[PDB]
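So this first bit is one chain, no partners, the form deposited in one PDB entry, shown in structure tokens.
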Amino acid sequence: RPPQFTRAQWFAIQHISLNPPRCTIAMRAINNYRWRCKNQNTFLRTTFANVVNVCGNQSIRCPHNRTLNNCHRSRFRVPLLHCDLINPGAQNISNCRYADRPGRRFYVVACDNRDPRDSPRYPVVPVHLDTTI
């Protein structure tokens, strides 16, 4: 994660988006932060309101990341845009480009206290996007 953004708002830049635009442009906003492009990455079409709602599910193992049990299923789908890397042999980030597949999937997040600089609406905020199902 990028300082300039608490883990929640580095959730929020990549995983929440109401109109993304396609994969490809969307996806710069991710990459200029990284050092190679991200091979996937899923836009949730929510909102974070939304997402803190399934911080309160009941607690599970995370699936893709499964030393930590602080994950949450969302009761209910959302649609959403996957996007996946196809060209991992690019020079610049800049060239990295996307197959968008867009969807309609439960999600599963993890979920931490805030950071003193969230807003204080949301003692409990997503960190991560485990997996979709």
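Each form is matched to the other, and the largest set of C-alpha atoms that superpose within 1.5 Å is called the rigid core. Positions refer to the first chain, counted from 1. First, how it differs from the form deposited in another entry.
- Taking the core as reference between the two forms, the lone member of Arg34, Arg101, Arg104, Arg75 whose Cα moves by 2 Å or more is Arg34.
- The Cα shift for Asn50 between the two forms, taken after rigid core superposition, is smaller than 2 angstroms.
- Residue displacement note: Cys62 has its CA displaced by under 2 Å between the two forms (rigid core superposed).
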Contents of the next structure:
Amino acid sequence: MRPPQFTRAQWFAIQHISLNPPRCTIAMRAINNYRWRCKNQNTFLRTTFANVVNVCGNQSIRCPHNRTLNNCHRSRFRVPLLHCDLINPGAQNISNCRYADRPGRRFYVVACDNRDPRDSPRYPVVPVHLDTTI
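Return the structure block for the form deposited in another entry; the form deposited in one PDB entry was the one displayed.
All you get below is the one chain by itself.
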């Protein structure tokens, strides 16, 4: 699971929000620094946290990758993004993780929930997981 020092929303932001990410092999270091092993896949949405919070206010829909859940929200517009795929999944630690870059422009679907006590009071409802992009 996530690093306990972060709320779900804070960990969401670290993984999935980056306006101008460098190459994936570089960009992923910031995430994998907090892990014991390299993440196999990751999408960076080139947007802002505030913007994703606004999408949380869209109509509630079924989560495509969690079909028993209906607290998901789809962006009204396609957003630029950078998807990263781990090239060497046999990596035993995070010192050497190499990623392939996949830029794109897609709608995103996020699950949102009530904030954690450690989350900022500015946003009572926050994104907690990136479900998929379309």
